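Number of protein chains: 4
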Amino acid sequence: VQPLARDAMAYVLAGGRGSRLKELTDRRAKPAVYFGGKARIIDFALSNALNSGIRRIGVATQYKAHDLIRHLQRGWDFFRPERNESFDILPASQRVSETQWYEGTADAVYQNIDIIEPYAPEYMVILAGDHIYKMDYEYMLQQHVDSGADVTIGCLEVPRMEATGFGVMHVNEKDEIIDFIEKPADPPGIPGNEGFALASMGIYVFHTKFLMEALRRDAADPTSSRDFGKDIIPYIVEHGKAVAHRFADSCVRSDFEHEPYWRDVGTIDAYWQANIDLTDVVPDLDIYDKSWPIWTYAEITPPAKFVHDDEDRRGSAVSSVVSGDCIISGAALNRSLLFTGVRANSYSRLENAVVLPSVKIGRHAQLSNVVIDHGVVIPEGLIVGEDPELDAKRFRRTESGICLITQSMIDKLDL
Amino acid sequence: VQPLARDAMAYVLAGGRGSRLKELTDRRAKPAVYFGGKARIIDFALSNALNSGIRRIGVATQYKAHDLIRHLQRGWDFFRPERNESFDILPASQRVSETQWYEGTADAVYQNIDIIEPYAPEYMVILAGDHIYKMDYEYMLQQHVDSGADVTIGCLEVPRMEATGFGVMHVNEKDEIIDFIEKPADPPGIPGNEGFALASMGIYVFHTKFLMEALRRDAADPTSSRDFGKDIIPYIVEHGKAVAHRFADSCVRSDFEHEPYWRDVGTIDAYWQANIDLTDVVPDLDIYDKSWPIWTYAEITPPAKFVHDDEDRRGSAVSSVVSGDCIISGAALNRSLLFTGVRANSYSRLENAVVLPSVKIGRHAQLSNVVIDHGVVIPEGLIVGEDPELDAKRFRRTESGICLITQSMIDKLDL
Amino acid sequence: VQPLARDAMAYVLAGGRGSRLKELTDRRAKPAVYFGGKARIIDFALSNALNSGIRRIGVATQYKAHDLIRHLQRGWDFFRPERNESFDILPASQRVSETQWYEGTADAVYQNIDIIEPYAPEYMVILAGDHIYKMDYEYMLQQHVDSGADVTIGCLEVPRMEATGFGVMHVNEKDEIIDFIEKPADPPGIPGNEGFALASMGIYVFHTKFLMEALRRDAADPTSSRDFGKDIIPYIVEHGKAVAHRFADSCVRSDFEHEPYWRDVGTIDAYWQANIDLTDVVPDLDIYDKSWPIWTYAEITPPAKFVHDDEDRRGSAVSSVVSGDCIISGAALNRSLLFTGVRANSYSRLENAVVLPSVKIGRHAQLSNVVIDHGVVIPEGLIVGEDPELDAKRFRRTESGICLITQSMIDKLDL
Amino acid sequence: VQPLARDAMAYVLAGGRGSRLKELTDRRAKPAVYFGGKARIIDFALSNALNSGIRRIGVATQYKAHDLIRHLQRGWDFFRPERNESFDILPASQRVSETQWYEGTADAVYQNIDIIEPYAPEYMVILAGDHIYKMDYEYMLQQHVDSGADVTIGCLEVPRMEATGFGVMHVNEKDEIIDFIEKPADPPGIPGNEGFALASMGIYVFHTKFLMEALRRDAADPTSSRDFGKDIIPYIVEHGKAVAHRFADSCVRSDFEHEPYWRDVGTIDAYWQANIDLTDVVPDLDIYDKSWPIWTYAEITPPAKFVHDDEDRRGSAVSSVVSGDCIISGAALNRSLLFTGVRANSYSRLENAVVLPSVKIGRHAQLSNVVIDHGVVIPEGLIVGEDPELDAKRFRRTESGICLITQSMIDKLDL
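Going line by line, the protein sequences match chains C, D, A and G.
Those letters in the first sequence? Residues 1 to 415, per the working numbering, in order.
Those letters in the second sequence? Residues 1 to 415, per the working numbering, in order.
Those letters in the third sequence? Residues 1 to 415, per the working numbering, in order.
Those letters in the fourth sequence? Residues 1 to 415, per the working numbering, in order.
This is chain C alone, in the form it adopts within the complex:
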């Protein structure tokens, strides 16, 4: 009768590079990347934990975590230990050991056992902190204890051709995992439905004392690369009992989401498309749902302003999403998503543009098919999206034509 999230501690791994996001993560880790005009990427796993009733959260950080920690400090600050809530920000530092470096995602939880065990949670929900998805974790916990499993793994059931980019769980008729392959060219199919492969989300449920034992065992193994997926996961499927849990059984979908929503926005094209899709009439992710809300760090911000309307000038937004503190001054917006603080100035135009917080758009500047990094000041009259060769030289251009624009690229500019 007691919900099991009472006794659970969610541990978010937020050291992920997002190196495939190129300059988008040169000054911040992928979990700190803004998304959706809504939150940072990490806020989803944290919000999933919170709405699932997990009141103990630890966050392991590493790669350039100042922005990330600064965000966690100010957004996730409403846990009080007298209420058996806790939010531990757990960077790598010269604390319990010199290093200043986690040996791997397993070592991120190893070095901080002395923070976990004073809480003594019954279960530990290990989460990747770099995906955008909503999911009730109480379903995984119940399946975990009922099945007697040694580890329950969150899995996407996706068509097999797309599963070639994932780590894939080979599974029997009982959804017990019997093998794990990293990025198979021909992924094993689900028995009885071979067109789909089970695709690891990086979400692992254990019994805490079990994980602590398996985790110290890995800390002493020199064969181990100190990775959950590559070391902890294979040992248990081989010697213990690992059961896959399918994302669709615990996904939390609003009435306006036609299918379970999951995005890893690993590439520039993936990130741009996941954001620009929200300007659809019927987007795949409902950012206006209040049933499974996404908590984030937010400030009181003035509303958005649209100014000028004559023969030469008009500030307006069509097929677009516009956050607060955005002054659209004589600028024409179309199929674009703007975070807070954007200043778009007269005669400028934005199209297919994902504009991160506090960007300025100078007069006459015209930008199409772009991701504009936080705080970029676009010079007056700059054209992006007309000349592919000149665009590829000046900025990071994907093969599909999306230009990522950072301030370091703008500083380097002439003709």
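Hints listed in this document are in silico derivations from the structure and should not be mistaken for laboratory results.
The beta-carbon is built from N, C-alpha and C at its ideal position, and this holds for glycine as well.
Don't take every hint at face value.
Stated by the list, open to error - Simulated coverage check for chain C against chain G, where a stretch passes if three residues somewhere in it have a Cβ under 8 Å from a Cβ of chain G:
(1) 73-81
(2) 216-228
To be verified - Using C-beta positions, here's what the derived DEER-type ranges look like:
(3) C:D26 / G:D146: 32 to 40 Å
(4) C:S358 / G:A248: 43 to 51 Å
(5) A:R80 / G:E238: 51 to 59 Å
(6) A:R217 / D:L390: 16 to 24 Å
(7) A:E162 / C:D114: 43 to 51 Å
(8) G:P81 / C:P388: 38 to 46 Å
(9) D:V377 / A:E176: 42 to 50 Å
(10) D:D249 / G:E238: 41 to 49 Å
For chain C, the structure is supplied; the task is to place chains D, A and G on it using the hints.
Quick look at chains D, A and G alone, frame taken from chain C:
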């Protein structure tokens, strides 16, 4: 050396009904009326207190105050007594007396002397809670002490004909008040510039001790209507020293405000105009200033959205102010201000509209020169502003052509 | 799978005066009464809701509420609606009606249906706010929906001699209530265990829809006294399905509580006894347990201080519980519980004393078997507990010999 | 007219290792050392900033900051940027440079120019975070600008032989600094009272623009050890204007403090001394002052409890300071100070003990002249303070008899 705001308590009087706002205050006191897509009216005086360094605030409520109290409870919740901060919400109820209703602005402070005295503030800053203005109260505090006055009164410098609607202080050359007149037919001019009169803002500065005795003297006097402006200040300008502080000395102007800003929006016209004026290219009030910020109760809200762009319908806003969680779906907005939560649907038109939170605009409606009440659902196909006689029979239509539209009115409608 | 508390709203009735507590509730309703150097009495039901996972709480107020409301405002302030948390403080006032008074416990929920229904919780948990107990309401919820009952009523399993003063539920072998008796002289027996009676705690679980219906029907019935225990529930035990829930099945006990703990401290002696019992070596209530914590309003307070140790005076405490901000200066404490802020000065003696916050004990004062009200200043040399006739004339003395001491009594004393 | 603290940013340096505190700072930096059952050492400079009206605070950490940062995260979490308040926690990390270790106190400001400049504070208040004192920084702010100084330096007025351990400022008749000596064997006396010397508090006030220049010149200089007291100030006294501000001009003393209070608790003896002095009848520091309060991280804690009172044992405290969540069970306390969470058990005796949080005192243990580290479990029957050579072998024993006791030493124990 020390700033005097350290030892000041701001006491906001927020019981005023605001009856000239008609049905706009039928469910809420005027200090709780939304304004500017920015805050409630009360928040300005409260934020002037905050920004002036006054960390002890009391608010007297009375007239329909649940909405008011709930906003105060959820927005102004960051004061801790261990830091010598307090925020007291003081409604008339069954506490120190039966009654359950203050008999005036002076009674509103007098009944709560047992709340003030334990704080023992050196100074009292009595504030009208129903006006929109920015002011650094520390200037008034310096002049009150340096002047040795018994009461210091904040006054607007106004052309005399406009002063006909105010309480007016007659002063000598040294800005010492010699007389007070309520709505003088011919207002006494300022010496040396007889083109202007001193119009009282409802802001008084006392020594707390001098104040306490004056209230006690007021509560024993049966000639007194228990009113600060009618009974407390007249007595002092007669038998003691009452000096006038000019708004322009203390007003906080951002670099984008061409003159000191003060509105009382006491009429549906004045309210609509002040809101609509924020849609100007260069507005008189700069709601994007951060140097003198307006705190209010804000929640995390999704951004604004504009959808549809075909030959027949296009969602967009021009010369407009739009708040978060507004979905503008195939609807046209022009010179309109929208608060949070508005749903405007296909082929509807807004012009010169002030739209309060959570209003739904049905398909094909066309509204012009309107103030729409909070949460109002506008039926599909409604027309306002085309037929003055039709509009006046259905809604509170002003002589100037503004229609105040409540859900009470909508519910009564056929043709 | 999902815990039912997610879909519940706890509604706490905190209007009861507690008139048998006499002067102790002359200025504050019983739920606001301090208890245990721990919290106020209402802080047990609210924490049960919190710890049980109920995130929406309403508090119905009425009798002398200013202290209670100020406490809820400042202590219970960590709920944000974006997380679908809410804490509504709902006093009787000119809101949806003139009244300024609820007509009964049922009416207190009736007049606030417009607060409940926007939340649309699936279940209402109606709670008395004047008892000291720990309880996990998730148990009653799942019992409620699996039994199909129209009401699930929390009941104490007590010796029928003790149920003399309780509203008693008459049940069968299925724990379904046949009849309700208000204070039976000889109360009915549990079938199969007639020596124990089912005593109503005043804790009701409904389906929200059904409760709304019962309450509109009760609101239109003129036979009804608009009370839960006498109108809403007796109707259902007759026409619907009413099943009793027993305290021991859902009581939250720490490993240091030998029996399920519940106290209503309805009398001076009951209140003194429950407080003074926490000075025991093995107390009934474990106020040091952290597993089902009691949240309250608490301020950073300095530690307790004990000074003086010579032949004539020694500040010390024995068999006593001493809060922070207490300075025991040359004063002797024994078997006493002191709330925060007490100053006991030289040569004074406390024995068998419950001392509420901020009391001052003057020099040479000797007090035995006392309840000292909040803020009381005990004059130098006062002797209480030596002469019963003198004590009964000066203060409120129980037949068992406890004197409750208020400041209005002290102010009236010569010899 | 406006207070200068509105335009100032406090920058606390809390990287100090406190090496002379020996094992007491093995696991924590000195600013995180508990003190006085009141707060951590860092909490005094932070509170002086807060109470002085400085709403922007930066804290530089370095040596083992995990406890420190976590304390700042959970304690100093009530600043909001939209109210022009900020609290930046700034450890040396991979952020703007590899390093992972500041080169000194000046470099700890220099490396975070990019944090301060967006705030554009007019003034910088550089504070040492490892001293216990109370001080109204607004006085320094006025002197600095009224003086036209390039840096104002807080100085203690100390008899000359005690200035032997300080950086000492040689001053002229109008308190302008003409020279600075690091630990002068014979400190330069103040002109006119040659019995006293101005000892540096490590408190500096600059104009922000001049400081950031001085930091950048310092960063380009290889002769500079990148430290404020050794490099920044010595440059200024030579080539610019440097003025002294005396601690007694601006120190905030409560009515019960006979002298300006400043302590550096730099040794085990000094640390034990300052804590144990708080058990005095009239202490030098009044921790019960509410006029200049010390904010800290505080949890809701149960009160203190004393139990047993027989022929053989009695739980009591004499001449002692006892925090909440302390259960004194059959233990005798004299002239001791206990932080929260102490558990002292039957037949144990403590005298002149400073007992840090969560310490367990086993039965029959007897300890005198003692500092017990956080969470230490003292084994039953341990005897300390009786045999110096034994104590000094098992423990870190001062020349004056104080033993600092860590769990690492208990773990190694036999006879």
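Here is what the structure says about each hint:
{"no.": "1", "hint": "73-81", "result": "holds (count 4)"}
{"no.": "2", "hint": "216-228", "result": "violated (count 0)"}
{"no.": "3", "hint": "C:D26 / G:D146: 32 to 40 Å", "result": "violated, 47 Å"}
{"no.": "4", "hint": "C:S358 / G:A248: 43 to 51 Å", "result": "holds, 46 Å"}
{"no.": "5", "hint": "A:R80 / G:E238: 51 to 59 Å", "result": "holds, 56 Å"}
{"no.": "6", "hint": "A:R217 / D:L390: 16 to 24 Å", "result": "violated, 42 Å"}
{"no.": "7", "hint": "A:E162 / C:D114: 43 to 51 Å", "result": "holds, 49 Å"}
{"no.": "8", "hint": "G:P81 / C:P388: 38 to 46 Å", "result": "holds, 41 Å"}
{"no.": "9", "hint": "D:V377 / A:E176: 42 to 50 Å", "result": "holds, 45 Å"}
{"no.": "10", "hint": "D:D249 / G:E238: 41 to 49 Å", "result": "holds, 44 Å"}
The structure does not agree with the numbered hints 2, 3 and 6 stated previously, though it agrees with the rest.
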